[PDB]
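There are 4 protein chains.
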Amino acid sequence: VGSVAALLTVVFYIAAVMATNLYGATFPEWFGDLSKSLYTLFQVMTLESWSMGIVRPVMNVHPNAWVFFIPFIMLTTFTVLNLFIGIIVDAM
Amino acid sequence: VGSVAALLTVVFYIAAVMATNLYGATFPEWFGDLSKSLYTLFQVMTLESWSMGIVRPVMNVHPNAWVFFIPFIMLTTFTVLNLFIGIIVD
Amino acid sequence: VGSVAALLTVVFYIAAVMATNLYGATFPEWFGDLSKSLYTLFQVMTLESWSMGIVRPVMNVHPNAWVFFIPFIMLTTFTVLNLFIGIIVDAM
Amino acid sequence: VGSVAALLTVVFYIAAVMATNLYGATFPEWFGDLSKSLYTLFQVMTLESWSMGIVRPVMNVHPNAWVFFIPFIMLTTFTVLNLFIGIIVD
Ligand code: NA
Ligand code: NA
Ligand code: NA
Ligand code: NA
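Residue numbers (the UniProt record's numbering), protein chains in the order written: chain A, 131 to 222; chain G, 131 to 220; chain W, 131 to 222; chain V, 131 to 220.
The shape of chain A in the complex, shown without the other chains:
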């Protein structure tokens, strides 16, 4: 439960560092600094406008942006699901 939250924080920070470098110059409102990137990757994790709002516009400059975002989604969404179930199971 604690290790799951620790793995998610580390992965979320590493990805936000990676995103700032990759799309920061071309998409500064979404990835211009670490803070902007952490906020965008939280939104992407909630699946809110991830494709129409973020990744499709990013792919028009970086055609392989999906190699970062789709595995990011698949990982964080599974980890969050594993985390929330983990708290509920430990409570019972």
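Over the 10 Å line for every Cβ pair with chain W, so calculated as not near, a few chain G residues:
| id | residue |
| --- | --- |
| 1 | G132 |
| 2 | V140 |
| 3 | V147 |
| 4 | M148 |
| 5 | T150 |
| 6 | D163 |
| 7 | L164 |
| 8 | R186 |
| 9 | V197 |
Interface residues of chain G toward chain A, partial, derived using beta-carbon atoms under 10 Å:
| id | residue |
| --- | --- |
| 10 | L177 |
| 11 | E178 |
| 12 | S179 |
| 13 | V185 |
| 14 | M189 |
| 15 | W196 |
| 16 | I200 |
| 17 | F208 |
| 18 | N212 |
| 19 | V219 |
Hint data in this document are derived by calculation from the structure and do not stem from the laboratory. Heads up, the beta-carbon is just placed ideally off N, CA and C, and yes, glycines get one too.
Starting from the structure of chain A, add chains G, W and V with the ligands where the hints point.
Showing chains G, W and V with the ligands alone in chain A's frame:
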């Protein structure tokens, strides 16, 4: 199960009171009164257009709005998940 | 499991009948006929653009539209969750 | 768990082949090639803008497009839920 629904209603009302005060003047369509706020925070909880539709436009006036909305999402979505599982288990 | 799918079909049809009558005249693209309504209520159940795309525009003509849509969401989303878990539990 | 991931990959590929043929000519940005189709069907599976962004605009050319997309959603979202629970249980 009942206490979970009670905790969620209290938290949802407190947050709706907080939102009306914070962004009611600058965003009156989404937070102009308690009723408008309760409706918006229900939408934010369902994750529908929370960032592109609500929080990014709010952050252009209030840059720290994320300190209210991200913890609100993390709390209510976990509580709802705990509530729905609670009914199914019982 | 079967009764859950039966309850969901009945509720989904009743709601689609209710919506066609309520918002069909003022929002004919989303609720103009039973077929259009069933499609919109399926979208509303998946939570896709339910508020920005459907219910906020509907509330500008019908201010109490939320009395129909919010309880519809709370019911169908809980029933679907109960249905999907029901199949998985019965399979094991 | 492995067979669930195998069933999902096969179904996802078959559907992406089907979509390219069906709406590739009329919607080339979303279904112009197998790669574009696989990306769109992943988005549709996450429920992101599936109706307002994809299926409503597709239905204005192909009125029965819902016969492909609604069953696609019902299948893949159930399979993914079955997959994620499968890993956690194991
Ligand atoms: Na959305
Ligand atoms: Na969504
Ligand atoms: Na969702
Ligand atoms: Na959206």
